[PDB]
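Shown next as structure tokens: one chain only, the form deposited without ligand 3S5.
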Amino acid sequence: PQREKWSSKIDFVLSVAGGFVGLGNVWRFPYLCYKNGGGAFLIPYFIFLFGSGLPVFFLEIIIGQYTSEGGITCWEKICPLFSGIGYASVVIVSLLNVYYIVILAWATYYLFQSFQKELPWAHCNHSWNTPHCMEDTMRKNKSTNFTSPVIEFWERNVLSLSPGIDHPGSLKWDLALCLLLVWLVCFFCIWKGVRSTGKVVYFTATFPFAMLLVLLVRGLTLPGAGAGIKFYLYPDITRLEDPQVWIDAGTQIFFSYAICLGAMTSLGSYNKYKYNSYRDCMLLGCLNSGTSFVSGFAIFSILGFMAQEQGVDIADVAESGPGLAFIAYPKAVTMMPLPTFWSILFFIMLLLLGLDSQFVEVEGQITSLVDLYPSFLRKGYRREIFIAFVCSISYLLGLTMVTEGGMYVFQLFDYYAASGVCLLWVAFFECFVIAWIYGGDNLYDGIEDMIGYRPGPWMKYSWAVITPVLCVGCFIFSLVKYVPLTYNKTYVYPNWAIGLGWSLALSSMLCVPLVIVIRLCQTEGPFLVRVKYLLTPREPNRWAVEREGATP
């Protein structure tokens, strides 16, 4: 048959908007900004945004629309050599789906804990509370060893943090059921009803932004919001000399935009050929980066309020790692009237934000993997078993991040697996193939035919110059000034853990060289002839079904 198009352009926007607006905006951005100083994170953030985030996102969407193919076969059409970009993106999205559902497991645990008379993270007189704990309101009335009740709940009850990754501990069975529950929700929403949220499109889309608005109003009116905002906005120039703020800000844009994963290319292949996706991507790009910037005001206002309440520095009031959104927002919902009611909504809001993202990504890899075996899969019961097998195996590897030492494994996955140099590796090669091998101007001819007009030179120069320079420059300077990964500024990772972390990165990075070697070996002839034949596009726009032109 053929790849079914979208019912209407409104479905493309909502599927895309729900695919990369979520935990990457409200969870990962606040703590990466928090970890890398304050506002010094924003300069590389906006530089990378306007240089390579929107351009690469639009490039992925337009490649999918031009080839009408998934993550992998689109690159086979565009350039048979360097086809390893698709396999690299599939590996990256597999690892991402592995560790990205643990966040939803934690959110589900918090939501289940929210159903009681008093929030468990309001006061600290429970079993898990260390005698070092003290009420935040009593912190000033009452050195550097008085933990807040909110941080204890995260490290003592929700995570049961162990001494280190070398100390796995026991599998938190309460979190293991929550991790299983969200996977069953993902499994039941992937097999039956791939896109079945059509009845509640209005509620499931406007509510997460409606809930984020209340958090912003509550945070901004807090007494300490002034100091938190100045920390969030005003930059520190000396921090820009560190290569880590550029890697974090550069790959946060790539993470938040879901690029180098094959999801955007697949989502871009479901719309009509003669559809102006250039305008809609720019609007969706504003909605994505706008949500991260605006929601950053809310979380950093609470951080400023917490610092004033506890009489501590803003940079030391919460966790410099994952769980900042689980320390700040659960503190904000305490301050609201009827804290239990608002706590339920936030973790429901946090869960729909991530479930929609997980649906797009998990369906993204499964569709991409089916394209490799179109007859073996997507045919009868064979898709039943394969979907469950992917969900089951990716759930078992998610169990290693649920044990008491599972937080340290989560930091390794979040820093190496689907972020960091692995994303810079794929993003550079996506732009290098299009801009220099395929041709930047050679693709504008396709885009002009496809969207109706020739775009400006912003996209062309971003692929040709800015993105390779930003990706290579951040890659070279990161290895030159090597700083090993740390958890919460204190824990130092053992050598094997870093080596394990690089294996997660290098497993997808080496997909590009391996396929080049595989393709060169398969093709017969002189080496220069072998390279020449594998670089020629094989009719990317092979879809007469629609009024189209030709690749040349």
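Positions refer to the first chain, counted from 1. Residues that one form lacks are left out of the comparison. Superpose the two forms; the largest set of C-alphas matching within 1.5 Å is the rigid core. What changes on going to the form solved in complex with ligand 3S5:
- Once the core is superposed between the two forms, every option in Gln244, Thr197, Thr340, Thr400 stays below 2 Å in C-alpha shift except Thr197.
- Once the core is fitted, the segment that moves between the two forms, counting only runs of three or more residues with each CA displaced by at least 2 angstroms, is 196-199 alone.
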Second form
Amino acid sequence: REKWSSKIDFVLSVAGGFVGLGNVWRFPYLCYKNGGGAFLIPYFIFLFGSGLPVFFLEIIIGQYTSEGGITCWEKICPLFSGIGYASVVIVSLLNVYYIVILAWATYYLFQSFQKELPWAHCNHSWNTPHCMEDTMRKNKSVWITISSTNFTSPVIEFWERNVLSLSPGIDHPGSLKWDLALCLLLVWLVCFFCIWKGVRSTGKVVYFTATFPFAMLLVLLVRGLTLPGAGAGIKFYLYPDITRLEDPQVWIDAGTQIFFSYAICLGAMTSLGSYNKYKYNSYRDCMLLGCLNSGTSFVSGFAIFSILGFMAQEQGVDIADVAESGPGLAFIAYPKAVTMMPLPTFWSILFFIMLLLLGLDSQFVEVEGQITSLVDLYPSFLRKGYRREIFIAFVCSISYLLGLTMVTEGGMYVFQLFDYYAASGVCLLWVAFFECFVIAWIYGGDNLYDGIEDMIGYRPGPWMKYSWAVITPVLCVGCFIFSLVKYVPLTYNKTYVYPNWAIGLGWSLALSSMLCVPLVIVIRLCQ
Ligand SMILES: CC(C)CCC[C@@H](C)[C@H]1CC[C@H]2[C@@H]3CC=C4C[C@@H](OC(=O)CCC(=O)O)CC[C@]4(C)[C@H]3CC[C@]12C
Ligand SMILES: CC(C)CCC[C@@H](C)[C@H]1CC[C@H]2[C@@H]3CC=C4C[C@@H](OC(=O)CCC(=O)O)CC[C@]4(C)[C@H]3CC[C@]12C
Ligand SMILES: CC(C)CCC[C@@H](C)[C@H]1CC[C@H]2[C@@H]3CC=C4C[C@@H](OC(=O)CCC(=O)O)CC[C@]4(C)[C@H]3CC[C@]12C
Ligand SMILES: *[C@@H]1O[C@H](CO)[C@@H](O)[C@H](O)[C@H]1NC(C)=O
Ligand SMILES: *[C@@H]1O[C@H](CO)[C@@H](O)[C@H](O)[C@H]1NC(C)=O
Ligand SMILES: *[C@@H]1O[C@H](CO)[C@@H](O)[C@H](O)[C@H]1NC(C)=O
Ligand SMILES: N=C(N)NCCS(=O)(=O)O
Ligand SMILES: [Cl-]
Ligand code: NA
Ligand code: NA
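Got the form deposited without ligand 3S5; could you also share the form solved in complex with ligand 3S5?
Starting with the chain above, the whole complex follows.
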């Protein structure tokens, strides 16, 4: 019922909504898991094919219908309202597992206040006799003679035991960790208190909050590019291997990284664009913001892969045999980088503060989008007041209780299963394909273009029309069929095999989001 007070608020909110952990943490290890470069080819293809057109489509639908995640599809096609519900389920699961990264970040922040960084060396109560210094790991006298593969690094050991304490498998949950639960509770309390008061933006602090992360990223890039072995990392990151293009995995994990980074199919963008003025030019902004996001991801990829190549040269092993083919890549690369900056504790605190800022503002945007998408369903009941406040309290408490399962001794396997099935992969393809299909073949590209021209002042080019019509559905169907034809089970890191019931649980997680689309159709057609 309210609009933006000024047009800078919309730009700042959208800039803080889709820039964060998906550009600095998830993109690097997805690039690292595959060859690199062979991941970039489908990335840019998917970018210019679907990433920008669907984002602009969501913004235009929000601006043209003046509604949220679910109700927007009611003014387009009532039969396909299940896309909103699927988006809400996806964003709920994402909210559940996405704050554990912030919990690890605040655990590192609290551990950073010591005079000496704990992960710099290994002289501790949780170190194997196999540990050796990263500087001393590559030595022709003591390491290359024997036990080359048995050795491990202090950073990896810290991440595996002190923070994670890995159990032998998912079948052995172990005991609960109380400090991580406390950190999770603290982050959830901060998130709840920032919505109690409805604090949004500032007067003379936004130009600090939105510019400090970029300055920190610039310092990180300058540090990384000046380290030995950065050229090998850049070559690994850029030059593609044509053989890997025949594996469905790279094609399916390159087209979903973009859908994750641009916050597509979550219901957040169709609500962010709702408060805009009717006669406002959003094309230029959608283009500039997409350019900013993709450039940030590409530059951060340079920054992380430089130090990755440096570490691989330092340990004297293969590029693919360092760090982790999983969610722990950032928490191994970045701390190793800040270990060598002057005054390491200060830069460590600054880096974890900016990481928390990037994660939190996104968390705020996604929680706000979920709450809006919910309250447009029931305005009278979820009227502003105490009811809406206890609603947020209940949602936060339930999400904390569910996320407790990832802080046990076997929570890492649950976390990897969630990352791979919950709010990524095939469900994103499902919802994106249905969105593009319903908007291009049921509603009409020309019919939309008339609305844009009425709202923007001129007729746009036919690029997005032909994108929505053919380019995105073809890719979405091809990737899905190609993955089904050649099936490969998920493996955590590289040497681990999941039990069959765990894979069944993951497929149930994905199908919980998928089946919203056909069940709503059969329910509506029943009566
Ligand atoms: C799957 C979980 C872990 C995450 C997502 C939960 C919510 C997005 C879902 C769960 C149950 C759903 C509710 C199940 C039943 C109904 C009744 C339904 O009412 C009717 O069928 C009557 C007509 C109408 O009220 O529109 C309205 C939607 C609603 C509130 C649903 C709204 C969306 C809810 C809360
Ligand atoms: C992924 C899970 C573990 C965390 C997030 C779950 C929530 C997004 C879901 C779980 C159950 C849902 C609730 C289930 C039932 C209802 C009743 C219904 O509200 C009413 O219509 C109230 C009765 C009326 O006055 O009509 C729809 C909203 C609500 C509160 C739902 C809101 C969304 C909730 C809290
Ligand atoms: C871990 C998983 C397997 C738990 C179970 C998940 C499903 C059983 C839930 C999750 C979301 C639910 C859906 C959320 C929203 C709706 C819309 C609701 O339709 C309406 O509110 C309007 C219908 C009409 O107006 O005709 C019908 C129930 C349905 C499909 C729900 C059916 C049950 C679903 C698929
Ligand atoms: C660190 O290593 C020394 C050996 O020089 C050992 O005596 C000491 O107990 C270690 N510190 C621990 C295990 O906390
Ligand atoms: C390699 O090991 C030998 C003996 O253990 C030691 O003298 C030498 O200093 C080590 N190399 C480096 C670079 O420290
Ligand atoms: C080291 O790893 C190898 C296999 O990679 C294993 O056979 C061996 O037992 C391990 N330990 C030692 C001391 O070699
Ligand atoms: N939208 C999702 N799924 N995650 C946030 C995107 S980012 O801010 O981490 O780039
Ligand atoms: Cl990205
Ligand atoms: Na952000
Ligand atoms: Na992003």
